[PDB]
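**Q** Here is what each chain is made of, one letter per residue.
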Amino acid sequence: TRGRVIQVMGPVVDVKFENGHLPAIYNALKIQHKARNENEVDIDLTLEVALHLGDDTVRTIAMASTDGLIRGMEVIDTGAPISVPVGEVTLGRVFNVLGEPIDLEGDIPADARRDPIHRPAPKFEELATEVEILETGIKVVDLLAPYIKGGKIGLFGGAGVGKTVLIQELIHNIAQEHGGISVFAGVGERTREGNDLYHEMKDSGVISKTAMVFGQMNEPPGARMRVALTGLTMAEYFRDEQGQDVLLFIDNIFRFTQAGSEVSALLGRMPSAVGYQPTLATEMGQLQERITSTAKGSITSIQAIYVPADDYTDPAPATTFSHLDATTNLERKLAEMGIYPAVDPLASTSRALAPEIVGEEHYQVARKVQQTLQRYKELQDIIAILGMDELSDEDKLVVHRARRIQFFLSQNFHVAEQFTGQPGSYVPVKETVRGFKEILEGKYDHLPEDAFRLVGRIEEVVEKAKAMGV
Amino acid sequence: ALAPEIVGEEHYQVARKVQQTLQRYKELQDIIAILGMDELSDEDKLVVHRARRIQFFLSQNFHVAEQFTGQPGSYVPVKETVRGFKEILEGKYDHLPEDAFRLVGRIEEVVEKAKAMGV
Amino acid sequence: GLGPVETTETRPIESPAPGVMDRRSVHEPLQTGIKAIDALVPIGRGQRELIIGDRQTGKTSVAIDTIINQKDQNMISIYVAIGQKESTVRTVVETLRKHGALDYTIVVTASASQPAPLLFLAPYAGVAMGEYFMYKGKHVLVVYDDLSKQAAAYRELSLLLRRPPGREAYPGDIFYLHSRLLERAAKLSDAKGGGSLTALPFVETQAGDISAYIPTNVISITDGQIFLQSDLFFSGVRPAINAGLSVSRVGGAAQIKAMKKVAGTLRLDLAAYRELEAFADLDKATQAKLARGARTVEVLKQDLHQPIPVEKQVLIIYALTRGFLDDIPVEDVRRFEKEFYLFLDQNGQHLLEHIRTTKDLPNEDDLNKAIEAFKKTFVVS
Amino acid sequence: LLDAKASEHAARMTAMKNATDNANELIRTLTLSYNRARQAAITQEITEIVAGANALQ
Ligand SMILES: [Mg+2]
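Residue numbers (the authors' numbering), protein chains in the order written: chain F, 2 to 471; chain E, 353 to 471; chain K, 195 to 474, 479 to 579; chain G, 229 to 285.
Hint data in this document are derived by calculation from the structure and do not stem from the laboratory.
Heads up, some of the hints might be wrong.
Derived SDA-like pairs: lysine to any residue, alpha-carbon spacing no greater than 25 Å straight-line [said to hold, decoys possible]:
no.: 1; chain 1: E; residue 1: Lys369; chain 2: E; residue 2: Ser393
no.: 2; chain 1: E; residue 1: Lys369; chain 2: K; residue 2: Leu488
no.: 3; chain 1: F; residue 1: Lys35; chain 2: K; residue 2: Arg205
no.: 4; chain 1: F; residue 1: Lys203; chain 2: F; residue 2: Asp104
no.: 5; chain 1: E; residue 1: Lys369; chain 2: K; residue 2: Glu362
no.: 6; chain 1: E; residue 1: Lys378; chain 2: K; residue 2: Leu426
no.: 7; chain 1: F; residue 1: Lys164; chain 2: F; residue 2: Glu127
no.: 8; chain 1: K; residue 1: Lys451; chain 2: F; residue 2: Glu337
no.: 9; chain 1: E; residue 1: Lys369; chain 2: K; residue 2: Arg205
no.: 10; chain 1: G; residue 1: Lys245; chain 2: E; residue 2: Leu392
no.: 11; chain 1: G; residue 1: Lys233; chain 2: E; residue 2: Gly388
no.: 12; chain 1: K; residue 1: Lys487; chain 2: E; residue 2: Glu379
Can you make the complete structure from the sequences, with help from the hints?
**A** Shown next, in the form of structure tokens:
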């Protein structure tokens with residue numbers, strides 16, 4: 002019926018039950034205690050079962066601080082894993098790991114629908130047999146690093162390159178075109194940046210189509226390693242019930258794995274290489290296999306990854322890099338010169354850039370642009386600098402078209418219209434292929450470079466140069 | 353205790369300049385090792401020229417080391433050390449061989465040792 | 195030995211940090227008095243800026259200058275010393291008392307001879323004393339003399355309690371120990387009261403290796419770094435700040451408008467000088487640019503215990519950034535810096551007052567005029 | 229002038245030969261130090277793993 006506390010060693014607790022009444026693994030248990038005198042404090046705690054040790058004892062991990070616990074307290078078995086609310090009631094609100102609102106707009110009614118946090122991955126016979134391309138509406142992404150429905154993308158960048166603007170633009174474009182929602186999960190990051198993102202999303206207006214879950218540095222190891230699953234189960238409902246295409250953003254996947262190690266040794270497990278838990282790839286696989294493209298809808302996830310000390314051979318980045326399909330690199334150099342977004346065109350990679358996926362025309366145009374940019378990068382540095390400038394023919398034209406193509410990858414976003422009068426554009430992929438091909442052929446070689454700046458389709462560029470006096 | 357108000361103002365500047373020239377010489381070791389001394393600017397050659405002399409003049413002959421080498425040993429007060437390094441930094445002794453600076457007490461002994469060396 | 199302390203309230207050492215809904219974005223500036231910090235790596239109230247370096251460099255000098263420079267403002271300071279000689283703590287307290295800085299300062303100390311538990315619990319006691327003022331409407335600043343000594347004390351405690359070791363024998367939860375502490379510094383919202391708490395942890399490296407375990411653990415928690423180097427210490431750059439690797443993620447929003455307008459040009463030209471310095479016939483502009491860089495390197499350095507009010511700072515920065523120094527040789531630059539301020543001691547005072555009262559640049563023409571006058575009254579060596 | 233040009237090219241060739249030889253010797257010494265570091269890292273890592281595993285018992 003009810004268990005009692007045996008040991009309290011940090012974030013790990015031991016509970017003893019009656020014979021033949023042990024809870025299953027992954028269940029949730031509750032401690033609710035009121036002080037009986039001045040030598041006691043009130044307790045409201047949730048625990049998750051981890052191991053069966055034998056002799057009617059189980060070892061559990063706490064979801065909050067364990068200060069104030071007493072050997073002999075009474076524990077209640079809930080009967081099921083952690084359950085979070087799902088549906089339209091979670092749109093525009095902020096939750097914690099247990100599925101409780103941390104804003105001040107009220108509580109979800111107890112007569113709602115709640116889904117468990119742990120479930121198996123979709124089976125082989127109900128996956129997508131074809132690779133499909135996701136239409137974002139950006140120009141550099143849709144040309145040099147296309148995204149995939151149900152894929153995983155690694156976003157590389159930090160401060161001063163503006164990745165929150167890219168996040169908001171993706172949310173807005175996907176919601177407007179494909180009618181999808183977004184879920185943001187912050188896993189063990191700074192609280193200041195979470196507040197900043199919440200207020201930016203409130204200002205833009207993309208909050209009403211997003212659900213936010215936060216578990217950050219201040220929280221125990223147990224809460225940091227079970228918060229991505231709450232966002233995942235909030236997102237899966239829309240794919241499996243409304244048949245939508247959803248986006249899932251993860252603030253730091255690395256922290257997830259890190260949190261696991263912080264409890265592994267306390268559970269009584271021998272260490273593996275570099276002091277990591279023996280069950281590392283299994284945990285990462287059980288997480289990342291639940292986001293796929295089934296026959297109804299799809300979940301595509303953008304994940305930000307921090308590499309410790311820029312060491313890419315560390316077990317955690319090495320394990321998580323085998324699940325990624327594309328990478329998107331944001332560079333400060335392009336942000337200084339006024340290219341928005343600051344996506345690096347020569348360092349962004351994708352596995353969808355192949356003639357059998359996008360097409361022959363797309364592939365040829367993209368490869369021509371890439372080699373032109375590489376030629377510019379090689380030539381402009383060792384030559385034309387240090388007083389070795391020269392004006393060879395076919396080198397005037399190469400830099401002419403390269404400069405006219407580098408500035409056409411910039412775009413005007415809808416979320417940036419609050420600081421700038423331009424409404425913003427959504428450019429399909431055929432249009433940008435046509436525009437880049439036309440620029441490559443030299444048809445638009447008789448215009449100044451200022452016309453190719455913060456513009457959508459190629460034709461609009463002409464109108465710009467019409468009003469510039471040229 | 354290496355502060356301007358504790359040891360003085362001349363001492364502090366002399367020590368800082370000596371350390372700066374030694375650090376600059378330390379920065380140029382790899383390129384001297386691979387390329388050589390012929391691919392340097394005039395200021396860099398001057399820096400090396402003074403740095404070798406300073407590094408050799410930081411050595412001394414001790415009383416307790418007499419049984420090893422033979423020299424009686426030396427004792428130098430502070431003001432003499434500051435004066436000698438100030439003169440070295442001014443290019444006053446830039447023409448003497450670099451070997452005359454090793455294992456001496458003061459700078460007058462440097463002059464005498466250079467004189468006995470045939471220069 | 196000055197008698198007991200007459201207090202009435204107590205606070206728990208272990209408390210939870212403010213949530214996402216309780217905070218506000220950082221906008222107010224924290225003035226340190228060092229031109230390099232106030233210009234290239236600004237620090238705002240409610241931020242956590244890490245100072246990382248080596249034993250040779252004077253981190254404690256930076257901390258003591260920052261604490262002294264808070265005399266006019268309304269801010270309480272707390273100095274926490276972990277694993278230090280008691281003699282050095284007494285010298286620091288004497289330096290503080292001489293400058294009249296003990297009207298608003300609390301010192302918490304745990305010397306090297308004390309048992310490890312006190313060294314492990316000192317920072318939490320300091321931040322708990324700060325949170326009493328934070329949750330009333332006041333602004334606090336907290337300095338941690340060294341966190342790499344708290345880490346060693348914690349490791350010793352855990353090993354003696356027979357808990358499994360990890361990397362370099364450190365316990366498993368060595369990131370939690372510091373993140374749980376440094377997340378208690380916040381800028382509260384208007385409903386909470388409007389108070390704040392700033393934190394300045396110190397970290398020491400061995401041979402200048404910042405890829406180590408604890409430096410990387412604490413680098414990924416704070417909002418920027420202030421990296422001090424030793425090869426720049428002996429090259430004459432006495433503040434020794436490596437502006438190539440120092441950063442401030444709040445930067446820009448923690449400045450006044452006058453400094454926002456001027457600091458970007460300094461960042462740009464110093465970055466260009468250091469980027470094109472490595473390969474240094480040469481192009482006619484190139485040498486000029488190099489000279490500009492040198493002038494900047496000469497104008498950033500300053501002595502010890504010489505705080506400069508922000509007005510004067512922006513002034514000289516402007517006087518540099520538009521090339522007005524190009525007519526004066528590099529070895530004389532510092533002398534210019536000495537003579538400009540005193541020139542404003544009796545001239546252009548209104549200018550200063552305006553900069554103090556509207557936090558914006560005054561009528562540019564007038565500034566130029568004054569500069570010209572001063573130049574007329576300057577003798578080139 | 230023609231004699232001077234021949235002399236110039238000969239001198240450049242010889243200087244490049246000496247530079248290459250010096251670089252090779254530096255590579256050799258660096259490789260020695262690298263092997264020392266490699267062995268030390270392996271030893272320390274295995275010692276930490278076994279020390280951690282012995283703590284449970
Ligand atoms: Mg110190």
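**Q** Please work out if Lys369 of chain E and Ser393 of chain E have their alpha carbons no farther apart than 25 Å.
**A** 20 Å, holds
**Q** Is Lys164 of chain F within 25 Å of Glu127 of chain F, Cα to Cα?
**A** 34 Å, violated
**Q** Run the distance test for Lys233 of chain G versus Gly388 of chain E: straight-line Cα separation, threshold 25 Å.
**A** Cα-Cα ~23 Å, so holds.
**Q** For the pair we were handed, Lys378 of chain E and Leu426 of chain K, check the Cα-Cα distance against 25 Å.
**A** 13 Å, holds
**Q** Is the straight-line distance between the alpha-carbon of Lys245 of chain G and that of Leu392 of chain E 25 Å or less?
**A** Holds, because 19 Å separates the two Cα atoms, which is no more than 25 Å.
**Q** Can the restraint linking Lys451 of chain K and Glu337 of chain F be considered satisfied, given a maximum Cα separation of 25 Å?
**A** This hinted pair holds, its Cα atoms lying about 20 Å apart.
**Q** Please verify whether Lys369 of chain E and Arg205 of chain K have alpha carbons no more than 25 Å apart.
**A** 53 Å, violated
**Q** Are the Cα positions of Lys369 of chain E and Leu488 of chain K separated by 25 Å at most?
**A** At roughly 23 Å apart (the allowed maximum being 25 Å), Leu488 of chain K and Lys369 of chain E satisfy the hint.
**Q** Can the restraint linking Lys35 of chain F and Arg205 of chain K be considered satisfied, given a maximum Cα separation of 25 Å?
**A** 21 Å, holds
**Q** Decide if the proposed pair is consistent with the structure: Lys487 of chain K and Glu379 of chain E, CA atoms, cutoff 25 Å inclusive.
**A** 23 Å, holds
**Q** CA of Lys369 of chain E to CA of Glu362 of chain K, is that 25 Å or under?
**A** Not satisfied, since the Cα-Cα distance of roughly 41 Å exceeds 25 Å.
**Q** Would you check the hint for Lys203 of chain F and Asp104 of chain F, treating anything up to 25 Å between C-alpha atoms as holding?
**A** Since the Cα atoms of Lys203 of chain F and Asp104 of chain F sit roughly 13 Å apart, the hinted pair holds (cutoff 25 Å).
The earlier numbered hints that this structure contradicts are 5, 7 and 9.
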